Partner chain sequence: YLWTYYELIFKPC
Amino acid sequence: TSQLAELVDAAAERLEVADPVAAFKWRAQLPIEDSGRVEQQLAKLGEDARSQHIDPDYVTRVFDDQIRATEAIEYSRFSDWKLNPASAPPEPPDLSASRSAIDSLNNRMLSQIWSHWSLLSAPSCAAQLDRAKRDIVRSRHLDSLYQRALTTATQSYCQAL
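Where the form is solved in complex with the partner chain, the structure of this chain alone:
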(Lines of atoms letter the chains of each structure in order from A and count residues from 1; the text may use other names and numbers.)
(Lines give C-alpha, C1' and ligand atoms only; values in the text may rest on other atoms or scores of the structure.)
Protein backbone atom coordinates (compact mmCIF):
# COMPACT_ATOMS: atom_id res chain seq x y z
CA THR A 1 0.00 0.00 0.00
CA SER A 2 0.94 3.61 -0.55
CA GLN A 3 1.60 6.08 2.25
CA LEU A 4 -0.67 8.55 0.46
CA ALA A 5 -3.58 6.11 0.66
CA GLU A 6 -5.26 7.87 3.57
CA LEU A 7 -4.62 11.35 2.14
CA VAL A 8 -6.15 10.26 -1.17
CA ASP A 9 -9.00 8.50 0.65
CA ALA A 10 -9.73 11.69 2.55
CA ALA A 11 -9.71 13.64 -0.71
CA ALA A 12 -11.96 11.15 -2.51
CA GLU A 13 -14.42 11.17 0.39
CA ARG A 14 -14.37 14.97 0.36
CA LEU A 15 -15.32 15.00 -3.32
CA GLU A 16 -18.62 13.35 -2.40
CA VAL A 17 -19.77 16.59 -0.76
CA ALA A 18 -20.55 17.54 -4.36
CA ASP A 19 -23.65 15.34 -4.37
CA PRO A 20 -25.41 17.07 -1.44
CA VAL A 21 -24.29 20.51 -2.65
CA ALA A 22 -25.57 19.99 -6.19
CA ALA A 23 -28.80 18.56 -4.80
CA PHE A 24 -29.26 21.67 -2.67
CA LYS A 25 -28.06 24.19 -5.25
CA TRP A 26 -30.35 22.62 -7.85
CA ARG A 27 -33.49 23.16 -5.75
CA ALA A 28 -32.37 26.56 -4.42
CA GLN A 29 -31.20 27.83 -7.84
CA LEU A 30 -27.80 28.78 -6.42
CA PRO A 31 -24.79 29.32 -8.69
CA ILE A 32 -22.32 26.45 -8.69
CA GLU A 33 -19.55 28.99 -9.20
CA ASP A 34 -20.23 30.74 -5.86
CA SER A 35 -18.22 28.12 -4.01
CA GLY A 36 -16.28 30.02 -1.34
CA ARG A 37 -12.86 30.87 -2.74
CA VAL A 38 -13.01 34.27 -1.03
CA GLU A 39 -10.33 36.13 0.90
CA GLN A 40 -11.62 35.14 4.36
CA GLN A 41 -11.57 31.44 3.48
CA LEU A 42 -8.14 31.69 1.82
CA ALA A 43 -6.70 33.45 4.87
CA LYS A 44 -8.26 30.93 7.25
CA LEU A 45 -6.87 28.11 5.11
CA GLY A 46 -3.39 29.63 5.20
CA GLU A 47 -3.53 30.26 8.94
CA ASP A 48 -4.68 26.67 9.43
CA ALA A 49 -1.83 25.52 7.17
CA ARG A 50 0.83 27.46 9.07
CA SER A 51 -0.63 25.98 12.27
CA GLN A 52 0.05 22.53 10.78
CA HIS A 53 3.54 23.60 9.62
CA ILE A 54 2.90 23.06 5.91
CA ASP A 55 3.34 25.57 3.11
CA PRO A 56 0.22 27.76 2.69
CA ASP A 57 0.83 28.04 -1.05
CA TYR A 58 1.00 24.26 -1.33
CA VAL A 59 -2.17 23.75 0.71
CA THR A 60 -3.92 26.51 -1.24
CA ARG A 61 -2.87 24.80 -4.47
CA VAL A 62 -4.31 21.52 -3.19
CA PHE A 63 -7.66 23.07 -2.32
CA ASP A 64 -7.73 24.99 -5.61
CA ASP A 65 -7.50 21.60 -7.31
CA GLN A 66 -10.09 20.17 -4.90
CA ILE A 67 -12.69 22.89 -5.51
CA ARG A 68 -12.35 22.53 -9.28
CA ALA A 69 -12.95 18.80 -8.94
CA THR A 70 -15.95 19.40 -6.68
CA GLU A 71 -17.59 21.91 -9.02
CA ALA A 72 -16.98 19.54 -11.93
CA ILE A 73 -19.07 16.86 -10.20
CA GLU A 74 -21.83 19.38 -9.45
CA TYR A 75 -21.89 20.40 -13.12
CA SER A 76 -22.12 16.77 -14.25
CA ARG A 77 -25.00 16.19 -11.83
CA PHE A 78 -26.78 19.24 -13.24
CA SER A 79 -26.18 17.79 -16.71
CA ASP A 80 -27.74 14.48 -15.67
CA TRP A 81 -30.73 16.08 -13.91
CA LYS A 82 -31.40 18.31 -16.92
CA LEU A 83 -31.51 15.29 -19.22
CA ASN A 84 -33.58 13.16 -16.81
CA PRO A 85 -35.07 15.16 -13.91
CA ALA A 86 -36.54 12.05 -12.25
CA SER A 87 -33.01 10.77 -11.52
CA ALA A 88 -32.49 13.70 -9.11
CA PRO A 89 -32.15 12.71 -5.43
CA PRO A 90 -35.52 12.66 -3.70
CA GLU A 91 -34.08 13.17 -0.25
CA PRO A 92 -32.92 16.60 0.97
CA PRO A 93 -29.20 16.82 1.78
CA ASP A 94 -28.11 17.01 5.44
CA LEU A 95 -25.81 20.04 5.31
CA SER A 96 -25.35 20.38 9.07
CA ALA A 97 -24.01 16.82 8.98
CA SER A 98 -21.91 17.66 5.92
CA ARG A 99 -20.40 20.68 7.66
CA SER A 100 -18.86 18.53 10.40
CA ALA A 101 -17.65 15.95 7.89
CA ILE A 102 -15.86 18.63 5.86
CA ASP A 103 -14.20 19.95 9.01
CA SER A 104 -12.92 16.46 9.85
CA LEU A 105 -11.85 15.80 6.26
CA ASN A 106 -10.01 19.13 6.10
CA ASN A 107 -8.06 18.35 9.27
CA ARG A 108 -7.22 14.82 8.16
CA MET A 109 -5.95 16.14 4.82
CA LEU A 110 -3.78 18.82 6.42
CA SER A 111 -2.29 16.54 9.06
CA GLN A 112 -1.68 13.92 6.36
CA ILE A 113 0.14 16.48 4.20
CA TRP A 114 2.41 17.24 7.15
CA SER A 115 2.70 13.58 8.14
CA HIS A 116 3.93 12.69 4.62
CA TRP A 117 5.68 15.92 3.64
CA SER A 118 8.94 14.04 3.12
CA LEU A 119 7.36 11.65 0.62
CA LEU A 120 5.39 14.39 -1.17
CA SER A 121 8.71 16.13 -1.90
CA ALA A 122 10.41 12.90 -2.96
CA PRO A 123 10.91 11.48 -6.46
CA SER A 124 8.80 8.45 -5.48
CA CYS A 125 5.73 10.64 -4.91
CA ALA A 126 4.42 10.08 -8.44
CA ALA A 127 4.50 6.29 -8.16
CA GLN A 128 3.11 6.43 -4.61
CA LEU A 129 0.27 8.69 -5.71
CA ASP A 130 -0.62 6.48 -8.68
CA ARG A 131 -0.79 3.38 -6.46
CA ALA A 132 -2.83 5.29 -3.87
CA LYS A 133 -5.40 6.43 -6.44
CA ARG A 134 -5.94 2.91 -7.77
CA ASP A 135 -6.37 1.54 -4.26
CA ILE A 136 -8.87 4.28 -3.41
CA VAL A 137 -10.64 3.92 -6.76
CA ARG A 138 -10.95 0.18 -6.15
CA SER A 139 -11.84 0.36 -2.45
CA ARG A 140 -14.25 3.29 -2.82
CA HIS A 141 -15.80 1.88 -6.04
CA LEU A 142 -15.39 5.21 -7.78
CA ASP A 143 -17.10 5.75 -11.13
CA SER A 144 -15.51 7.43 -14.15
CA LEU A 145 -16.58 10.90 -13.01
CA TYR A 146 -15.14 10.54 -9.51
CA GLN A 147 -11.95 8.92 -10.81
CA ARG A 148 -11.25 11.87 -13.07
CA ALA A 149 -12.23 14.30 -10.32
CA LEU A 150 -9.83 12.52 -7.96
CA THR A 151 -7.08 12.94 -10.55
CA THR A 152 -7.80 16.67 -10.78
CA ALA A 153 -7.91 17.04 -7.00
CA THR A 154 -4.54 15.31 -6.44
CA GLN A 155 -2.58 16.65 -9.40
CA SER A 156 -0.46 19.01 -7.27
CA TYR A 157 0.33 16.60 -4.43
CA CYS A 158 3.82 15.94 -5.83
CA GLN A 159 4.63 19.65 -6.36
CA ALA A 160 6.25 19.80 -2.89
CA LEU A 161 9.87 20.72 -2.12
The other form holds:
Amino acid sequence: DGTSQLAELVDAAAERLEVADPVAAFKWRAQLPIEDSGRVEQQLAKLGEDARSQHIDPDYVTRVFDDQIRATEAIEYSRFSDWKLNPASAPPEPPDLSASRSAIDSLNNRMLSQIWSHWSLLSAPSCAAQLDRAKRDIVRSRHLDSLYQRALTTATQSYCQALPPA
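To complete the pair, please output the form solved without the partner chain; the form solved in complex with the partner chain was given just before.
Shown next is a single chain and nothing more.
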Protein backbone atom coordinates (compact mmCIF):
# COMPACT_ATOMS: atom_id res chain seq x y z
CA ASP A 1 0.00 0.00 0.00
CA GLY A 2 2.79 0.17 1.09
CA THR A 3 4.04 0.78 4.64
CA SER A 4 7.10 -0.61 6.37
CA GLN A 5 6.47 -2.92 9.30
CA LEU A 6 9.07 -0.70 11.13
CA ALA A 7 7.22 2.58 10.43
CA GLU A 8 5.58 2.81 13.88
CA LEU A 9 9.03 2.20 15.57
CA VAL A 10 10.83 4.72 13.39
CA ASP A 11 7.99 7.28 13.72
CA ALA A 12 8.25 7.04 17.56
CA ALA A 13 12.03 7.36 17.35
CA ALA A 14 11.73 10.54 15.24
CA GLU A 15 9.03 11.97 17.54
CA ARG A 16 11.36 11.29 20.50
CA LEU A 17 14.19 13.08 18.64
CA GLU A 18 11.93 16.12 18.32
CA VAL A 19 11.95 16.49 22.15
CA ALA A 20 15.52 17.79 21.65
CA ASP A 21 14.13 21.24 20.76
CA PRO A 22 12.19 22.10 23.99
CA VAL A 23 14.92 20.44 26.04
CA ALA A 24 17.70 22.49 24.40
CA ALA A 25 15.64 25.76 24.70
CA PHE A 26 15.19 25.06 28.39
CA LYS A 27 18.87 24.19 28.94
CA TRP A 28 19.98 27.31 27.02
CA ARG A 29 17.92 29.66 29.25
CA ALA A 30 18.84 27.79 32.43
CA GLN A 31 22.57 27.78 31.55
CA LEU A 32 22.74 24.00 31.78
CA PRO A 33 25.15 21.89 29.74
CA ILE A 34 23.78 19.42 27.23
CA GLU A 35 25.63 16.29 28.37
CA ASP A 36 25.67 14.41 31.64
CA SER A 37 27.16 10.94 31.57
CA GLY A 38 25.84 9.97 35.03
CA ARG A 39 22.30 10.92 34.00
CA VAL A 40 22.44 9.02 30.74
CA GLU A 41 23.75 5.91 32.50
CA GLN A 42 20.72 6.08 34.83
CA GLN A 43 18.25 6.50 31.92
CA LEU A 44 19.82 3.56 30.07
CA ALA A 45 19.77 1.31 33.21
CA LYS A 46 16.04 2.01 33.65
CA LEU A 47 15.40 1.24 30.00
CA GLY A 48 17.27 -2.13 30.48
CA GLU A 49 14.93 -2.84 33.40
CA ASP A 50 11.85 -1.97 31.28
CA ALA A 51 13.27 -4.34 28.62
CA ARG A 52 13.49 -7.26 31.10
CA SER A 53 9.91 -6.51 32.18
CA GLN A 54 8.60 -7.26 28.70
CA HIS A 55 11.13 -10.09 28.02
CA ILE A 56 13.02 -8.00 25.46
CA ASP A 57 16.83 -8.38 25.15
CA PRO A 58 18.14 -5.60 27.51
CA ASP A 59 21.60 -5.40 25.89
CA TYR A 60 19.95 -4.75 22.54
CA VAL A 61 17.69 -2.05 24.07
CA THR A 62 20.72 -0.44 25.78
CA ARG A 63 22.60 -0.19 22.46
CA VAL A 64 19.59 1.24 20.61
CA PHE A 65 18.77 3.87 23.24
CA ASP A 66 22.45 4.78 23.54
CA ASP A 67 22.30 5.65 19.82
CA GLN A 68 18.95 7.47 20.32
CA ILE A 69 20.22 9.61 23.19
CA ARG A 70 23.47 10.55 21.37
CA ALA A 71 21.43 11.54 18.30
CA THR A 72 19.19 13.73 20.54
CA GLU A 73 22.25 15.37 22.17
CA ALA A 74 23.58 16.03 18.67
CA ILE A 75 20.39 18.02 17.85
CA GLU A 76 20.70 19.99 21.15
CA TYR A 77 24.36 20.89 20.38
CA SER A 78 23.39 22.09 16.83
CA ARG A 79 20.82 24.42 18.39
CA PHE A 80 23.40 25.70 20.93
CA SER A 81 25.71 26.42 17.95
CA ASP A 82 22.96 28.43 16.20
CA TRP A 83 22.00 30.33 19.35
CA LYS A 84 25.59 31.19 20.10
CA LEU A 85 25.86 32.91 16.71
CA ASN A 86 22.42 34.55 16.97
CA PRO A 87 21.24 34.55 20.62
CA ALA A 88 18.13 36.58 19.69
CA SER A 89 16.96 33.48 17.86
CA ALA A 90 16.78 31.29 21.01
CA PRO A 91 13.17 30.61 22.19
CA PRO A 92 12.48 33.20 25.01
CA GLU A 93 10.90 32.21 28.37
CA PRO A 94 10.55 28.49 27.41
CA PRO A 95 8.44 26.17 29.66
CA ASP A 96 9.80 23.62 32.15
CA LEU A 97 10.61 20.01 31.23
CA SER A 98 7.51 18.16 32.54
CA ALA A 99 5.73 17.83 29.17
CA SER A 100 9.01 16.61 27.66
CA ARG A 101 9.53 14.06 30.46
CA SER A 102 5.97 12.71 29.96
CA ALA A 103 6.44 12.57 26.15
CA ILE A 104 9.73 10.64 26.54
CA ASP A 105 8.18 8.10 28.94
CA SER A 106 5.34 7.44 26.49
CA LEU A 107 7.65 7.23 23.47
CA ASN A 108 10.08 4.91 25.29
CA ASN A 109 7.21 2.51 25.96
CA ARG A 110 5.97 2.81 22.32
CA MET A 111 9.47 1.95 21.07
CA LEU A 112 9.87 -1.06 23.34
CA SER A 113 6.41 -2.39 22.30
CA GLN A 114 7.50 -2.24 18.62
CA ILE A 115 10.83 -3.88 19.33
CA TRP A 116 8.89 -6.70 20.91
CA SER A 117 6.33 -7.00 18.07
CA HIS A 118 8.95 -6.86 15.26
CA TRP A 119 11.75 -8.86 16.86
CA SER A 120 11.77 -11.45 14.03
CA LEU A 121 12.16 -8.73 11.37
CA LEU A 122 14.85 -6.90 13.37
CA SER A 123 16.79 -10.24 13.42
CA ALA A 124 16.30 -10.95 9.72
CA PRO A 125 18.15 -10.16 6.47
CA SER A 126 15.19 -8.00 5.32
CA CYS A 127 15.67 -5.59 8.24
CA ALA A 128 18.10 -3.30 6.46
CA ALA A 129 15.81 -2.56 3.48
CA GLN A 130 12.66 -2.32 5.59
CA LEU A 131 14.42 0.16 7.89
CA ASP A 132 15.47 2.17 4.82
CA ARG A 133 11.75 2.17 3.64
CA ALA A 134 10.50 3.23 7.10
CA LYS A 135 13.10 6.03 7.27
CA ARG A 136 12.08 7.31 3.83
CA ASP A 137 8.40 7.30 4.78
CA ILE A 138 8.85 9.05 8.20
CA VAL A 139 11.32 11.68 6.81
CA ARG A 140 8.44 12.47 4.37
CA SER A 141 5.52 12.32 6.85
CA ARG A 142 7.26 14.31 9.58
CA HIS A 143 8.99 16.57 7.08
CA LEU A 144 12.41 16.04 8.72
CA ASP A 145 15.19 18.44 7.70
CA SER A 146 18.88 17.63 7.03
CA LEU A 147 19.89 17.67 10.74
CA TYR A 148 16.95 15.43 11.78
CA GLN A 149 17.67 13.06 8.87
CA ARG A 150 21.26 12.57 10.08
CA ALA A 151 19.99 12.19 13.67
CA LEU A 152 17.40 9.54 12.59
CA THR A 153 20.20 7.63 10.88
CA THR A 154 22.33 7.65 14.01
CA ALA A 155 19.30 6.72 16.19
CA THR A 156 18.43 3.67 14.14
CA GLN A 157 21.94 2.40 13.33
CA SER A 158 21.79 -0.62 15.74
CA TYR A 159 18.20 -1.69 14.93
CA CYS A 160 19.18 -4.45 12.46
CA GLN A 161 20.90 -7.37 14.20
CA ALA A 162 23.95 -9.09 12.79
CA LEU A 163 23.20 -12.31 10.83
CA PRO A 164 24.98 -15.70 10.94
CA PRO A 165 28.20 -15.44 8.94
CA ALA A 166 27.63 -18.83 7.29
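Each form is matched to the other, and the largest set of C-alpha atoms that superpose within 1.5 Å is called the rigid core. Residue numbers count along the first chain shown, from 1.
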| property | result |
| --- | --- |
| Answer among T60, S115, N106, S35 for the CA shift between the two forms that reaches 2 Å or more, rigid core superposed | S35 |
| Per-residue C-alpha deviation between the two forms [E91; rigid core superposition; Å] | 4.8 |
| C-alpha positional change at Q147 between the two forms - rigid core reference, Å | 0.4 |
